[PDB]
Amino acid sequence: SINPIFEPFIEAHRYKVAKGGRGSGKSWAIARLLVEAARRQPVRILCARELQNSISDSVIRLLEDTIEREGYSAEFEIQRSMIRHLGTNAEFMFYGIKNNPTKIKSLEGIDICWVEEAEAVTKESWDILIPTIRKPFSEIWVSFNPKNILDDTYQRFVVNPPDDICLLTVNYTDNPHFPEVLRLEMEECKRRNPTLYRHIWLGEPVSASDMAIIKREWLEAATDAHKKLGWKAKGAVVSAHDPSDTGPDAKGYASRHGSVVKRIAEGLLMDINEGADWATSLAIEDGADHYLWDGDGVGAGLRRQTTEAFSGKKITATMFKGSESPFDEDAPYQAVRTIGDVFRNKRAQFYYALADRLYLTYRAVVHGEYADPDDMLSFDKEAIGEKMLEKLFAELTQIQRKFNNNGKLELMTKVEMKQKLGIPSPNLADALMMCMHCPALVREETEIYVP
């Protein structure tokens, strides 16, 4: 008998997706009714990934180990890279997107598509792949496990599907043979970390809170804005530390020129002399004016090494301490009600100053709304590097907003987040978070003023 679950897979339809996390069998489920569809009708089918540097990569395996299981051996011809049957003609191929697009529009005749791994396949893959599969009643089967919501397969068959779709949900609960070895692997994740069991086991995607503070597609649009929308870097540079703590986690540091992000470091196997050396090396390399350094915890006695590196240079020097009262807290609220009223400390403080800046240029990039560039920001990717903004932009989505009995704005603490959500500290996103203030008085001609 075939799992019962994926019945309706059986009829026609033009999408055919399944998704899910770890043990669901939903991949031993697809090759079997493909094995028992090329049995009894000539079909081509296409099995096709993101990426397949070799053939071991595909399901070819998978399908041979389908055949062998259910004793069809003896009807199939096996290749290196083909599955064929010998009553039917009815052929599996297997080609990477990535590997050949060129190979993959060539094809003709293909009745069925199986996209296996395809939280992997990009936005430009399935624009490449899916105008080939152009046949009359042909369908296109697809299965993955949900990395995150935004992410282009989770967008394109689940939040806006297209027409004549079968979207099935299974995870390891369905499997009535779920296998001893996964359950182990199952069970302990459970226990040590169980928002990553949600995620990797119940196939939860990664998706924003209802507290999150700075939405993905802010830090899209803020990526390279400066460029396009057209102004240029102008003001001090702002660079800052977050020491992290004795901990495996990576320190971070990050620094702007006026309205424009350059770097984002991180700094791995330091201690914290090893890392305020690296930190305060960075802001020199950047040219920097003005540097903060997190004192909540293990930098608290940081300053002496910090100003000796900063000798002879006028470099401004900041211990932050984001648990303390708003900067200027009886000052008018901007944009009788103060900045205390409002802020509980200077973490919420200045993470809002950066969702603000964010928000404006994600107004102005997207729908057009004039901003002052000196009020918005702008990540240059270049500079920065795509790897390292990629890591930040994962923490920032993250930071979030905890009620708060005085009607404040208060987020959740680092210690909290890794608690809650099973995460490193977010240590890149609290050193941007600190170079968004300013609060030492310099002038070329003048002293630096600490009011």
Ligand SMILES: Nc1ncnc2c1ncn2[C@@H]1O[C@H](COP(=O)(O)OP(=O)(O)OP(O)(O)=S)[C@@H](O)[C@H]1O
Second form
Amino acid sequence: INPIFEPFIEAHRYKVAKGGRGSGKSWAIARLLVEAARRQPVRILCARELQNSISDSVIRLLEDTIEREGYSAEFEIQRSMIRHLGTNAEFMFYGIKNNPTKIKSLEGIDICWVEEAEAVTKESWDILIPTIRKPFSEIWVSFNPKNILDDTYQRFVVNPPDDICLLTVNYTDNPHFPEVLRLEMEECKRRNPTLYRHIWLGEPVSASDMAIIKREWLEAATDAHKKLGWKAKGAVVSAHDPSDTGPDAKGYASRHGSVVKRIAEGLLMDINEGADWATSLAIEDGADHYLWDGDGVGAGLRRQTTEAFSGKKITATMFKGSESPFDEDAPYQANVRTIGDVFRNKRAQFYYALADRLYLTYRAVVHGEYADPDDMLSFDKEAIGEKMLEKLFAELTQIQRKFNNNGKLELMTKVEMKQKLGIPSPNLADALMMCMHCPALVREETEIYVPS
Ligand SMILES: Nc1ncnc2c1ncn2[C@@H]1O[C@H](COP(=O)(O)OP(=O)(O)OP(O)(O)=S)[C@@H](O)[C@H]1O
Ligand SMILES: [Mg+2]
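Pass me the form deposited with the ligand bound as well; I've looked at the form solved without the ligand already.
In what comes next, the whole complex appears, and the chain from above leads the way.
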């Protein structure tokens, strides 16, 4: 029984163990709760976010603990209950999302153990915590941190309650760390060091101090046009990131003026299938302007792209993020500082156009500061879909500035991100970034004109 957990023996309203995989927190807590039940007539609620069947709960772990220590003859074991025959202590097992009503009605709970608590949503906490209201009752929590902004992390680490005993552990704190897990761990440490730190050292995902777009801006910008009462006006712009020859999904983004309407991923496609997919989406979206990344495997797509739009007045622009910024000799607008003095290249230029729109939108939504909707950006959540919106947000928050020896704004490249961060190429984020750019001049009545 790892001495690190000794503080959980003392009385505290909150006992929270956070750590990486194989750290021993589950075995330690099960052991302590079993020893408590042997000695006090405690009612113990074992809760989790989702319990689709009893096998998803800790009941088996508790049974194994009982048998391991040789306490079997002291207990009654049923499908969904464990009871001590001497104290009448009782364990019960419920999923919060499954049985919210049952949970609210439970009486006399002395200890609540929330396991796998990283999955527990704010709404679940808000249901569960008020029910554990007996004087001297305790809430025990074990979790492997996910994102620093997830409720469980915010609730117990960043903005903690009174009387919390917080322990942080990892596999190095587990004197019984088994070989099978050690092998997985060392394998991971070598293959993906960043992932290893998250999984095995229990470090939550959080924003780099070099990140350019904050999660909270993206949350505010979600349906900002509904929140603030404006609607989409402008051209429809679509963009395609053809990715590479690797596994990473291709990307597509489309907006109608300041309202983003579609974020799509292209899986198991070659370069031509991907271009066909993306140009078809652009047509379906009624695009006036289409861009695609020409810096890599996309450099040869011009003919297929313009062919796909034949007969339709849709501009087609090859975006090369490595090029000097668009309009680089023009004055920069937030002796004269030019756009070219500020941005190293187009990739930086348009990622900052995106970030600037998002920040303005954030200040409008959250701080009530006025801004022209044309300068904002809103995500139409119903149109895009929660699933793809979340995928996009997870990529956008990883886009990082890097040091630049001429004091220009420059971002880590997709290749660098994969190498350093151990993540797939952020192709949805790049597709969205590219649709920030509108270099082709057009009118219903006129030619397409591409100044340069
Ligand atoms: N007190 C102990 N005695 C014997 N073996 C232990 C003990 N504590 C941990 N272990 C072993 O270490 C392994 C991991 O412990 P766990 O408690 O399951 O860690 P964990 O932090 O809950 O892992 P995650 O986040 O579930 S993968 C167990 O499967 C046991 O094999
Ligand atoms: Mg565990």
